[PDB]
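Here's the structure, in structure tokens; my notes come after.
Left out: one protein chain. Kept in place: all the others.
Which chain is which? They are A and B, in the order written, and residues in each are numbered from 1.
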């Protein structure tokens, strides 16, 4: 199954990009900390965290269905 | 078709990550607004918007070919 191995490849790419996205978000948080504090960013944090949970969920789902 | 359902899973992950990317971009825009204004960021906005159109396009394409 070149298709299956390829699907794992795409999943790994998404996983890697998620890590990149997380580091990018962290970069922004550090900037916010300088420039203004982070109190006004609670809802933004929530949106990002929620999307992260959604993505992690989909990765697990892919691994779950991959697995048997 | 575990392969097809799995492909939808990957598409959903990309869709979710796009939402995350969009929120992340918004975070940067707010920072730019403080720190310097946004006049010098028109071309950057254009590049991001263009890539967003490209991505939205690919999502629709995937859904289009999914569909029948």
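In the analysis below, contacts are C-beta pairs under 8 Å (C-beta built on N, C-alpha and C of every residue); 3 or more make two chains touch, one makes a residue touch a chain.
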item	value
Chain A residues that touch the omitted chain in the full complex	2-3, 5-7, 9-10, 12-14, 16-17, 19-21, 23-24, 26-28, 31, 34-35
Residues in chain B touching the chain absent from view	3-4, 7, 10-11, 14, 17-18, 21, 24-25, 28, 31-32, 35-36, 41, 44, 47-48, 51-52, 54-55, 58-59, 61-62, 65-66
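The rule is short, and it goes like this: only the chains that are shown with their structure count from here on.
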item	value
Between chain A and chain B, centroid-to-centroid distance (C-alpha), Å	13
